[PDB]
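One chain comes next, on its own, written as structure tokens: the form deposited without the named molecule.
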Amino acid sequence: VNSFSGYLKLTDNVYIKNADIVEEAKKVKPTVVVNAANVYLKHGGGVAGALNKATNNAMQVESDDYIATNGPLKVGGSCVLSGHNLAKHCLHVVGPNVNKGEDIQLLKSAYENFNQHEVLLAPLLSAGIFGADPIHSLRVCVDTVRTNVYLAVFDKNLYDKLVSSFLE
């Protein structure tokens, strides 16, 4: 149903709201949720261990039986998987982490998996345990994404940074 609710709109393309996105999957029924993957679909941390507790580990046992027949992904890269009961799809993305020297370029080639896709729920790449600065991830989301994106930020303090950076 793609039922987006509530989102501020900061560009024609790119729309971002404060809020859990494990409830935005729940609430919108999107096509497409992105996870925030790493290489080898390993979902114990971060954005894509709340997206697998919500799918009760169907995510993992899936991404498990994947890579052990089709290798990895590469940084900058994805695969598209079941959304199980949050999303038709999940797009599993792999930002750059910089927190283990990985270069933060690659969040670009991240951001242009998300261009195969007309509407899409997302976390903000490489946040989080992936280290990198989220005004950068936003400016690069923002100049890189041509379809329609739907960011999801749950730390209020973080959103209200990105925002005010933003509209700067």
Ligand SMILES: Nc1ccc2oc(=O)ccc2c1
Contents of the next structure:
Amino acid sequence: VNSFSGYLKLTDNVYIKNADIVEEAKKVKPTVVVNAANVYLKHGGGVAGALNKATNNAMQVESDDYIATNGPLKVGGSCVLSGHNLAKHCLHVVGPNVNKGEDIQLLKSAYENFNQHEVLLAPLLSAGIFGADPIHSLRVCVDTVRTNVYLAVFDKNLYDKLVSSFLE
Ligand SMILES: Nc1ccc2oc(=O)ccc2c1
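Given the form deposited without the named molecule above, I would also like to look at the protein as it appears in the form solved in complex with the named molecule.
Starting with the chain above, the whole complex follows.
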């Protein structure tokens, strides 16, 4: 469990790797994988869609049941559901969608949810269709998360920009 390999330590507790988060979950067998969720837990693309596809749609079926029973999450909020074949747990975290006018200050609230878990495999929050600057998202992660977070970034050019941002 939690067999993280080949990460670069950026801070006392934040690590980064140029990797596919689904292939990392399969290799590492983490206690927790973080999903970059939306408030209705509709896993239609990006990391959410990739995680769901790797679970053979189990995540989406579980999420649909959760939302019909319990209602939507809030921006900045989270829920813990099954990790299925990826992890023990999946922490579904909703970062703000600034492309849709939501407040970037809620990215702090989103990352605060990571402090309820000793170690996490995670993507950067509010990246991709959520529209936040990835360098800013890494900064908020570093400033907010105090537990051990292993970040997976798929795209090499973005990984390099983030690592350079950070150590040069
Ligand atoms: N001190 C240190 C630095 C980097 C690391 O990256 C890993 O993949 C596993 C543990 C680790 C420990």
